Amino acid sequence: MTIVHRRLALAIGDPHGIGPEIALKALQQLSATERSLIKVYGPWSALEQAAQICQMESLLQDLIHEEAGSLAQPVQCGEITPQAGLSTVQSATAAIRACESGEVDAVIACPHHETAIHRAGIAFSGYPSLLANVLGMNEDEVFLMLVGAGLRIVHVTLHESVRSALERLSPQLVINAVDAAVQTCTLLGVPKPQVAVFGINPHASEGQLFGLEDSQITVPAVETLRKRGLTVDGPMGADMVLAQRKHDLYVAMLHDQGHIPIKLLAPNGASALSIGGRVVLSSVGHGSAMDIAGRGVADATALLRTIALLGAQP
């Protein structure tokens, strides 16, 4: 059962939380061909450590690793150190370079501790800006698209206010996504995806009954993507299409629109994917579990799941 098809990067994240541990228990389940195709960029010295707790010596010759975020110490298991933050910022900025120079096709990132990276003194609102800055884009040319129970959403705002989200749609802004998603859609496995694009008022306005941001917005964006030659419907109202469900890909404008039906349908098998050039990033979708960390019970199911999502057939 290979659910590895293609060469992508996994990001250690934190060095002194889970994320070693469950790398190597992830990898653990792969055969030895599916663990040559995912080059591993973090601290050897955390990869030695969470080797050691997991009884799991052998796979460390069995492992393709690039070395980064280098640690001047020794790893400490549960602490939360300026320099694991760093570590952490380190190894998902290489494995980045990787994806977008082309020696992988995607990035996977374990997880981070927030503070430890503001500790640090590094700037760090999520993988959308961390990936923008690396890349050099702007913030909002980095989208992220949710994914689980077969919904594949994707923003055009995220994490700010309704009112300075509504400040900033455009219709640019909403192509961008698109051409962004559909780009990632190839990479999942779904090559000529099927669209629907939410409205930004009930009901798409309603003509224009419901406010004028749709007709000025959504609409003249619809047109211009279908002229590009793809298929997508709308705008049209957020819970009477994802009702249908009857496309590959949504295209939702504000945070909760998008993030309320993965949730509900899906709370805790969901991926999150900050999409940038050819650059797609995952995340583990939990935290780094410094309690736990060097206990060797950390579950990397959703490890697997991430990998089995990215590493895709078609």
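Positions refer to the first chain, counted from 1. Compared with the form deposited in another entry:
- Splitting the chain into two rigid parts between the two forms separates residue 192 from residue 61.
Structure of the form deposited in another entry (previous: the form deposited in one PDB entry):
Partners and other molecules omitted; one chain follows.
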């Protein structure tokens, strides 16, 4: 069975962590044709290290690879070092620019170590931020879609105060989020999605009974998106819509509106997609596991699940 149906970048994450190890284990399990669609970004020295340990030298010749985040000393498995911090970011940066320029259609980043990156003197608050930075966009022009338990929920606003979010909300900002998320939905394998838009206020303002924000922001936005020919219901109260479970994409106005459903229903098997200008970036859903780095204990199931998700066919 074939899980990779398009070109992808795989940044291998922290080269001292389990990222290199799981990168090889996942490519191992793909077919020859599948492997040629995955360009691996990271220091060759780290993939060599992981290949001797897991005894997968044969595979290195098949890998399509671009050097990024080279190290100036041998790989020290399990060790938190500024070097590996920088490697991680350079690798992820190489992968993202490859997506921007159109060489690949999406990016998967293997695990990072926050401390390592901070010790290099590099600001890192998460992939939403990094992606924005790298592409020259403001952080609010990149949207986060959570995916788990059949739910896809893009968020118009994210890591800010509720009040700050309400002040930023506009018809345009909603439109941008949905456009970004419908594009992302084609890649995920749902070309013509059914879309639901959450209300800002309870019961979507109930007309204007509970505030004017929905009549100013979400109602105008839904009518513009229909006129361009999208299938869009709402605004509706977030509680009531989610319960019906009959849409392929939900559009949350605030962080909590979209994160509560997801963390309740998909406590483990859930993906975070950061979406910019052509660029869909997902993490694997786990840490770098420095204490088992190079010990042959980590499997690639999380990485393979992520590849299946970003590599579905239209």
